[PDB]
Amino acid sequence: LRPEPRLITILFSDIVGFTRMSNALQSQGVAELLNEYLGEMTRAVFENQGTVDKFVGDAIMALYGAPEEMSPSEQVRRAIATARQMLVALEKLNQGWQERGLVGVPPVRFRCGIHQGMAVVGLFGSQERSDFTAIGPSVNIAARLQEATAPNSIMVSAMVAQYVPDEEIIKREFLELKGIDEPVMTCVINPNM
């Protein structure tokens, strides 16, 4: 698990307007919901051999191809499958949160950025505290894609898109992604399949 550059697919699934919830609903609700969400999102990544890199609040950072090697295509296959499954999971999550009173508060939507690229994946931090993650623009991209894409929209990088049939690529488009000294070709892929 020592940090090494690795072609991995970083999938970031951030909940759209989660702050609009961490203020709207109650703390327990925010946790219950978040945890429920992350439970299903995580489920979505793990179910897709994904690796929950970490949760950055309402954002899930899934790595594909790390720590367990995974073909770039699988990484994307999985990441996209995860992203989509997450949306499906979210479909039910909102169904339940709506029918419960946790949403209905905008029906929890999540932006998903999936990028594949060289990231230094491995354990990072002090020996006093290390977390397996991916470091590098690759990650940034995924994250920026995540935040760049519309709610319940899976925005993947050019790198990722090449694995998804054009039919599933709703719309390609370069986007000025923060931290990216170059317009990244983003392809929001079909949230379904």
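Between two forms, the rigid core is the largest collection of C-alphas that superpose within 1.5 Å. Residue numbers count along the first chain shown, from 1. Compared with the form deposited in another entry:
Annotation for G29: C-alpha shift of 2 angstroms or more between the two forms, rigid core superposed.
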Second form
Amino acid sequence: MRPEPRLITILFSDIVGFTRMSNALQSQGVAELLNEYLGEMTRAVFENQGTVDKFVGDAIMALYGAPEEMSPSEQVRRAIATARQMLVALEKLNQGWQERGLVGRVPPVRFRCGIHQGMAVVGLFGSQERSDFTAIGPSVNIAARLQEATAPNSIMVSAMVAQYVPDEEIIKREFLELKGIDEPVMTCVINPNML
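Could the form deposited in another entry be given as well, to go with the form deposited in one PDB entry?
A lone chain is what you will see next.
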């Protein structure tokens, strides 16, 4: 539990289209959609042994390599799997909310995922009033920024991550001058399916 510098893999995944689609539905329905979603995303993380740090609205933050130790390679492999697995759950969901009037009648829901790996102080943070497990540092910023920057329905990763990823699975490369970062960063959109 106690905060410490460790090498971990952060995964952020947010959606775009929620608000507007539930725009119709009495909060009640809205809650039904969000939980459904969250229920899914969570499944993709736990099945791939990751840790669900937190939920920031419709955003999911997940860790790999903390609290439980995990090899930097297993970290990138499981962070990737979740991302692709999550992409499959939405399709499965968007398919159901479509056929149901919660979508299509309000564009279907879009997905944005960004993953990064690097050092980050990992521990319990907060105080007596409230204290949660989470990572903190420039590396967390990075992953997050990577996720806000990638195209809709895509997965973007840092070079640190891509080095574990087969070459032909990397769709597109590009340096991004991420806020607060001096050194522009090399980003990689990875194929959303595999090999």
